[PDB]
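Build out the structure end to end from the sequences listed, making use of the hints.
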Amino acid sequence: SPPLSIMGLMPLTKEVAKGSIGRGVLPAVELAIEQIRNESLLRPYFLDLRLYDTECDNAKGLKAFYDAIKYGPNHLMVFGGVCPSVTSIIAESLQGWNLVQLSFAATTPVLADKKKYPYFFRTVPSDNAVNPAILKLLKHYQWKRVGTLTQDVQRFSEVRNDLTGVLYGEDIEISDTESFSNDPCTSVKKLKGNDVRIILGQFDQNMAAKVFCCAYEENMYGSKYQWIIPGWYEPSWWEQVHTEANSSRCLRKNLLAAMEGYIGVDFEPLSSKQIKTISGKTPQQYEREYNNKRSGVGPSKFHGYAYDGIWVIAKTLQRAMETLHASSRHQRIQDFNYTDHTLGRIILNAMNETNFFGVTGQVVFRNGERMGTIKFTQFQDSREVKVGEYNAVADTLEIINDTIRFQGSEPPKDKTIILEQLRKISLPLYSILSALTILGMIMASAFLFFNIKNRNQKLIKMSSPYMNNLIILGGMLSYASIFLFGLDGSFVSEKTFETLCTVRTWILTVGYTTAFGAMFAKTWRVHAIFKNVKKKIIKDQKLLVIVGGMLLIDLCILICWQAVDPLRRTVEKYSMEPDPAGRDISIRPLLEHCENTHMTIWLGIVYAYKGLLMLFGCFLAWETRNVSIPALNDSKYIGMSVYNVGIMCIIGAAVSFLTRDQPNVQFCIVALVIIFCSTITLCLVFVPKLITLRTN
Amino acid sequence: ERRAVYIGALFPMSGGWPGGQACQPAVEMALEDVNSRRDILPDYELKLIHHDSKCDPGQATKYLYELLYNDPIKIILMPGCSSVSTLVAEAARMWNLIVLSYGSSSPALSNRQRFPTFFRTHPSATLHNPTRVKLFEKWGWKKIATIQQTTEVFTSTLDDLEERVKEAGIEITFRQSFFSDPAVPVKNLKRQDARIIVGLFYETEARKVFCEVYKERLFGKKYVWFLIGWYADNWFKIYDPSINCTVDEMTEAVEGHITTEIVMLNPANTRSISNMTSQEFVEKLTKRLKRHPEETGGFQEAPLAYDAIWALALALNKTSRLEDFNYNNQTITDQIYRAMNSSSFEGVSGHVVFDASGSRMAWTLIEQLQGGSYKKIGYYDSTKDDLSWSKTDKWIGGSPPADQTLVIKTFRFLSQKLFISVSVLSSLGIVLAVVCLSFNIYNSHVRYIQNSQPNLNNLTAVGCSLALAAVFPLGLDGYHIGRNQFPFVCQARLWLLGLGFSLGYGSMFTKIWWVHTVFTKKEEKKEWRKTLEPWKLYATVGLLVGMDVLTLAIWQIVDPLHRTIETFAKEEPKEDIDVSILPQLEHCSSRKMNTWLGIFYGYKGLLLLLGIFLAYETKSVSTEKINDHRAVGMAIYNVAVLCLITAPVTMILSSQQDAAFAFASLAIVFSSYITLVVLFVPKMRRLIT
Ligand SMILES: *[C@@H]1O[C@H](CO)[C@@H](O[C@@H]2O[C@H](CO)[C@@H](O[C@@H]3O[C@H](CO)[C@@H](O)[C@H](O)[C@@H]3O)[C@H](O)[C@H]2NC(C)=O)[C@H](O)[C@H]1NC(C)=O
Ligand SMILES: *[C@@H]1O[C@H](CO)[C@@H](O[C@@H]2O[C@H](CO)[C@@H](O)[C@H](O)[C@H]2NC(C)=O)[C@H](O)[C@H]1NC(C)=O
Ligand SMILES: *[C@@H]1O[C@H](CO)[C@@H](O[C@@H]2O[C@H](CO)[C@@H](O)[C@H](O)[C@H]2NC(C)=O)[C@H](O)[C@H]1NC(C)=O
Ligand SMILES: CSc1nc(NC2CCCC2)c([N+](=O)[O-])c(NC2CCCC2)n1
Ligand SMILES: *[C@@H]1O[C@H](CO)[C@@H](O)[C@H](O)[C@H]1NC(C)=O
Ligand SMILES: *[C@@H]1O[C@H](CO)[C@@H](O)[C@H](O)[C@H]1NC(C)=O
Ligand SMILES: *[C@@H]1O[C@H](CO)[C@@H](O)[C@H](O)[C@H]1NC(C)=O
Ligand SMILES: *[C@@H]1O[C@H](CO)[C@@H](O)[C@H](O)[C@H]1NC(C)=O
Ligand SMILES: *[C@@H]1O[C@H](CO)[C@@H](O)[C@H](O)[C@H]1NC(C)=O
Ligand SMILES: *[C@@H]1O[C@H](CO)[C@@H](O)[C@H](O)[C@H]1NC(C)=O
Ligand SMILES: CP(=O)(O)CCCN
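Residue numbers (the entry's author numbering), protein chains in the order written: chain B, 53 to 585, 588 to 750; chain A, 166 to 485, 494 to 862.
Wrong hints could be hidden among the right ones.
As the list claims (entries may be wrong) - With beta-carbon atoms standing in for the labels, derived distance ranges:
(1) A:716 / B:552: 51 to 59 Å
(2) B:187 / A:762: 55 to 63 Å
(3) B:87 / A:276: 47 to 55 Å
(4) A:336 / B:125: 57 to 65 Å
(5) B:662 / A:762: 38 to 46 Å
(6) B:633 / A:716: 50 to 58 Å
(7) A:716 / B:662: 44 to 52 Å
(8) B:160 / A:308: 29 to 37 Å
(9) A:604 / B:633: 33 to 41 Å
(10) B:287 / A:750: 54 to 62 Å
(11) B:588 / A:810: 38 to 46 Å
(12) B:662 / A:759: 34 to 42 Å
(13) B:370 / A:382: 54 to 62 Å
(14) B:160 / A:579: 41 to 49 Å
No lab work stands behind these hints, which were simulated from the structure alone. All C-beta atoms, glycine included, are put in the ideal place defined by N, C-alpha and C.
See below:
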């Protein structure tokens, strides 16, 4: 049978650094050809493989490629290429000869752009198969705030550029994005200042020691963070990072406790399950044949990913050769001067589809790349252990429990907790002021008892029993206001707060009006009796009627406001979030109010009408001062009372209107302003008549 | 008949740097001159084998295999742009050939260990970094950011720039990279909000990055872009089907960027090695072309290609047996290398030194884009640091932008409305105090002579006048005086406050003390605590005020009050200007105030309450006195209640714009007015009566 030959390039000698890799995969392919040669699926033909040398050199590689083109038989495909420069140099110029390349060790991420690499396929998961898997890991632990730390090379930037397109659409956001070139821990301080807790890293082996040394000084370890680091490093990569002790600022035992439990992402060499594959043996069987096939050459990690490429090439040739045509399809296979474009297209479009269970799972392609398998590892007890798996065609993630662990007792969290808190009044202050107001209430009860007891005894001025009762009832009605002031949102539960705030003004204004009216009615009566004179009672209840009219008009002044114009709560906040007493839960303060959109108005009218009432009282004091009447009349106590009340009120209003951000001082101001005024008024009213009646 | 030899050449005519359109005719103007002069080559002709490449490595590899395996044996190779030059120079070691480039400017091509048989006439690309750093120091910036396309031609240049920028304090903050799609780096640069951007990419990627910088509004008033200079003259007004933007959506996008380039032609008027000046070559070349010289790509790199033939002609004439050169013999190649290494002459671009780390040219050129046209700002020299500026740059607002900053602002208050009213209210009363004092002096006292001696009333009048005249040291601040003599302003405040209250309050308190203690006590009083003479009241007033003098002099010489700044929250909107306001407020305080002020206020308040108790317990008993004790009781009650209400308020309020000044001023003025009028109305009443 006439043969058909395929080209292959790999290192062979021992004077290079990557020759053993070739010597690690040369026996395995040496089996696979025999597996064809005993059955001969390509029955009228015969497979041939030519081998050449690259030695990881650009000049030697191009010289060997040119010599194999010039002094070689008709080739069909090229299979191999392991060095990350000569592979790209070969692959970028394949359209000029209409050839197809199949690689098994080129894992650089730049080879995924099929706009200038149309004729290149590989059977190994590249560095872009990490970005989906990581995403699924987040959906096993619910982390939605991540920060990235990358180097600045080509291969370490392609992954970071692809990660954004992978994590777009889901509800996951990239909080920070830093990048270094030679000094890693200038940006580690920025990541510390931004307070991130999940870190995704992309850097080579040399910078890993510097990163893990700089992360120990800033205290970015323990059971509060989680690192996702690539894991294609060689074993024991940390015990030989320093031949001498020339890696100071970080010691050994203070580094092994710094890089504790990071997560490493890699691919998987073989398949864990077991069926009968396309060859006719189990993967454990094939592993046994490979392990007793080689004599003394050490094992590699690419011997499985090369055994399937030969069967891929064989199935491609068998499925592309046996098309509908026979005579032309058997005639056009020796005139290939690397110029036949139709043969290149009919090879490529048949190579595009392939689907079978090899030794590493299903062999399926997507836009040139391969769907594979991802493996997870963790650093435990100064050792690395395999902990999980992630399929790609089924898109599932299996976690091997009884192996994974965490430093605490639960998975860590992405960020601390924000807690809103209200600012309450001090309870000792409320107790003290309530006790003082209660004592004032008992003294008012004693004063009212005295006023009703001797109301018709020894003719004590025979004036204003009912009016004095109305004054002291107004004071009693005013004390309930300072009973009512000190509320809290925890003690109202938003049940009566929208009503107590607008009846406090009701009770306060009614008490104020009735107190000053029952004060002024006496002096109005004394001015009325000493004019237009033979004297008698001038009015039994007409003064009560006119003070009731004053109270009614000033109460309707309030009531005709709550029909269209409201005044309700506007709770505000002050985001100046400190720490608690040793805790980490960030708390913010917010406090409530009872305001309106017209707070600068609805005060001048009531203040001006109270000033008019004060001026009328001043007129009454003027009319009564020039009499020098006996103790039945009073023109000095009323003046002392109004002078001591007006200044205190006009100070206390402007003081209490300003201190809004200090809720524990305005209560103490308003309480004293109310209690001192009421006590002084009651003492100036009652006890001058009381001492006189006690003297008798 | 003369024999003929052949050279190989690749001419890029499309792609990232179309140069061949101006470089292929120029060589065709040189060869016809070098094969016609019998002096330089007596028995040889040179022929050219040219191939188009677009300087893409695939077609370059195909045409290199085509060239290396044909029948006419070649001598030298001539590549085009750097991506082909590096590949040819790395691969030519196995055939013993000579690479002579004319358009490559990679800084990494200076490493002689990897490229043994490579020569070039184009200068190195590290000549832009001594310029740009200079332009970072004239306008004063320190935080920049870069964006590059990941090819080694720009990677080595970025490495050299970040190495040479460390010696000037400037530091890189944000780095980005992309291979084919720049959308994600532009998105990250917008989200990180950098302000000074340096771009490093080819010509075809400039449109594919600017159509994506337009769709995120990363331009305008506060962004500066640094670019390269060898682009075409109208590189945005052309039709490209690989983008979606329109020409008016890019002309507004590329407005206001800075370009730097290197000159490539001797500006003087000399005579070259080929009997031709430095502008007749330009005129002849422009005549030889077909299209306009403004849009022909690679027009600046024509004399380099014109010299690259003459240098080899002179070297091969210095060698002068060129008919048996194989592809595996070494002994001819080292001879040609040593003959080429020791060559130097003058051509069109100047003196050819031909073996250094580059840098045989000196000057540069800086340009800006205004209104869709290029304008040359000013030249530069590298050695003597010459910079011949010309002031032809139009920014927005006549000034270039900068990075983010922060301003510091001290507080003031209503320096006219709230202050002049207090001043005129004080001036209205300070003269009434002294005219009432004069009326107490010169009037013939009869009822006052029957009353107490008026000297202790002159004390009270002087005390309230000196207390009233203390608002002027209180309202002044850093608006006028508060720079250096601030401690003397605090001294005026504290001395006036310590005097003017104590004098008048003592002069009332001793009268109320005596008018209590004389009347109803028969235990031990006869000539006690003092003598009868007005020296009695004078001495007890002196003791009381001397106490106050000791209190002021202890912590005025042990712990004075110098100055104190307080700073709280910031970030006012600042009226759409790129600035952030930081407010502070300064006031006069020691290290400790809440102890001394507290103990002094308590010591005075106990005495004030004792005074009002002693004033209340006697009301309406009088003998030999006209109107003294009732009036001083009313005045001391008013002063007591006003001070006790006002004083603990001004310690709480620290926002002293209109609260802490107003409370103290109103209290002082009202207390002084009421005290004066109540104390000295009845003297005028009984004098006019
Ligand atoms: C290249 O070099 C040659 C010589 O160095 C330049 O030749 C030009 O030659 C003409 C012809 O002689 C000169 O014109 C006249 O020559 C007569 C000779 O009888 C003389 O009597 C006149 O006074 C006049 O010189 C011409 O001057 C000379 N050119 C110059 C610039 O001197 C030729 O110009 C050079 N090529 C270029 C492009 O400059
Ligand atoms: C490569 O092969 C795959 C697998 O067949 C193609 O994907 C689908 O192929 C079927 C038929 O083979 C079509 O009907 C579908 O429309 C294809 N697409 C999808 C999304 O199912 C793929 O199209 C092939 N590649 C090319 C370039 O044709
Ligand atoms: C090119 O090289 C030749 C020698 O091969 C040089 O010609 C010589 O010129 C000098 C001039 O003084 C004569 O003395 C010699 O006899 C010449 N040599 C021969 C072999 O004839 C020529 O000058 C060179 N061209 C230059 C330097 O431009
Ligand atoms: C010494 S005469 C006196 N004048 C008083 N006012 C006057 C009107 C204006 C300021 C002075 C008061 N007053 O307004 O309370 C007053 N009160 C005493 C009774 C209880 C103890 C104190 N005594
Ligand atoms: C080929 O297969 C036959 C049976 O199918 C077996 O007897 C023989 O040993 C095989 N030979 C090789 C070289 O595998
Ligand atoms: C000492 O440390 C330097 C880096 O600081 C390193 O380059 C060098 O190789 C070290 N020397 C030895 C003997 O380990
Ligand atoms: C090129 O192909 C033709 C048929 O298309 C064949 O006759 C010829 O021999 C081929 N060239 C070589 C060098 O084999
Ligand atoms: C892992 O944990 C789950 C419940 O926490 C348990 O049901 C499961 O059996 C564990 N895995 C193994 C392998 O035991
Ligand atoms: C190279 O050329 C020199 C001189 O022409 C000759 O002496 C030598 O033998 C040659 N080397 C070969 C043919 O390997
Ligand atoms: C090229 O000439 C210079 C000039 O002295 C010399 O220093 C250098 O070593 C020469 N190059 C070689 C490869 O010898
Ligand atoms: C970017 P390159 O050096 O290849 C072309 C430079 C032309 N002056």
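Here is what the structure says about each hint:
no.	hint	result
1	A:716 / B:552: 51 to 59 Å	holds, 56 Å
2	B:187 / A:762: 55 to 63 Å	holds, 59 Å
3	B:87 / A:276: 47 to 55 Å	holds, 48 Å
4	A:336 / B:125: 57 to 65 Å	holds, 60 Å
5	B:662 / A:762: 38 to 46 Å	holds, 40 Å
6	B:633 / A:716: 50 to 58 Å	holds, 55 Å
7	A:716 / B:662: 44 to 52 Å	holds, 50 Å
8	B:160 / A:308: 29 to 37 Å	holds, 33 Å
9	A:604 / B:633: 33 to 41 Å	violated, 60 Å
10	B:287 / A:750: 54 to 62 Å	holds, 60 Å
11	B:588 / A:810: 38 to 46 Å	holds, 43 Å
12	B:662 / A:759: 34 to 42 Å	holds, 40 Å
13	B:370 / A:382: 54 to 62 Å	holds, 57 Å
14	B:160 / A:579: 41 to 49 Å	holds, 46 Å
When each numbered hint is compared with the structure, a violation occurs for hint 9 only.
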